[PDB]
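Selected chains from the complex are presented in situ; the others are not included.
Chain nomenclature is as follows: A, B and C, assigned in order of appearance, with residue numbering initiated at 1 for each chain independently.
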Amino acid sequence: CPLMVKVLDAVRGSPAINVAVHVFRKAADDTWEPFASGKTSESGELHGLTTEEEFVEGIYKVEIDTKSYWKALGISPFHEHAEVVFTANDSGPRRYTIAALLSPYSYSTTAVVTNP
Amino acid sequence: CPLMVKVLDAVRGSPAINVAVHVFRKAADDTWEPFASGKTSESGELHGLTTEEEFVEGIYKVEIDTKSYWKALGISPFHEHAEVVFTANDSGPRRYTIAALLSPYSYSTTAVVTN
Amino acid sequence: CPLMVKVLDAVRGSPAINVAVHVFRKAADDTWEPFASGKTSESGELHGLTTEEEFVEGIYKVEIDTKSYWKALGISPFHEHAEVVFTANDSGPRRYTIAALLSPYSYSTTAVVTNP
């Protein structure tokens, strides 16, 4: 699995479940094309977005929509969208883990890149 | 100032200097319209983005051009930008400070509101 | 596995391998007793520190020593020690993941707590 997304709640110390994840890939005409999507599991993780065959070199956008997570906590969120943009596999295939840490007034995102 | 941005470099233990910062405000059509931009100072800070009365209630996005910052230091980073979205509500005069902590593969952004 | 430690390098975007991890448990006489130890794997993770049977309620210290990781990168570290102190299983058994993110001038640590 070359692309994994994890979402965690820094206030609760908990995985963020049912967060919608969208992955886009920049096309030849400089438009964002859809690439993959899913929802985070009970562990706050989403695997199986792509395979090494499909996950070619390129510029990718990963966007999360946390509305359902906040709703289920009885929270009315001020805003519920985060996105990072990165270049993938530019030095050959890698496995990527993108982790987001959520809080009402702060956001952190970390990438871990390994050679498989 | 009602709005300030502060940017730190975790690799060098220093303010992030001359980093470009763009502020957008969500318009009625749900598009991000330009609001203000600037570059961080020698102390990593950016002031003078808006007056009190132009800084109206709404949804703002701060977009920090971290890719160009790291490449100027000879580092190939992960992210294209560091970003934060925050809501400005209608209140008495409040100060908004956006603080960003940058590394090549990780960042954190925080919105601090003071009276 | 109720206690996991992960260590990552925010400059390289890499797991931190061969980081020594020491876990202590506060004793009746208010001294730190040894509890478990290990070294992080190639994935920057250490599992198998303890079992649910041994990992009782208590006050625990987790300390890492990164000297070997910095050495292997050809880095002469200014300092190479980090520690957190936490109370475990106070509301019944939990699984704990303690993650550290390393950089020359910054340190971050995050705890993820799940009910198994």
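The rule is simple: a residue touches a chain if its C-beta (ideal position, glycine included) is under 8 Å from a C-beta of that chain, and two chains touch if they have at least 3 such contacts.
Peer 1: Count every copy of the one sequence in the whole complex, not only the 3 placed here.
Peer 2: Taking the 3 displayed chains as part of the assembly, the whole thing totals 4 copies.
By definition in this document, only the chains that are shown with their structure count from here on.
Peer 1: Any idea which chain sits dead centre by C-alpha averages?
Peer 2: Ranked by how close its C-alpha centre lies to the overall one, first comes A.
Peer 1: For chain B and chain C, let me know how many angstrom lie between their CA-based centres, rounded off.
Peer 2: 33
Peer 1: For chain A, jot down the residues that touch at least 2 other chains.
Peer 2: Residues 101, 108, 110-113 of chain A touch two or more partner chains.
Peer 1: Going by the contact rule set out above, which residues of chain B touch chain C in the complex?
Peer 2: 9-13, 78, 101, 103-106, 108
Peer 1: Residue numbers of chain A touching chain C in their complex, please.
Peer 2: 8, 10, 13-15, 43-44, 101, 108, 110-114
Peer 1: Would you pull the chain A residues touching chain B in the complex into a rising list?
Peer 2: Per the touch definition, chain A meets chain B at residues 78-79, 81-86, 101, 105-113.
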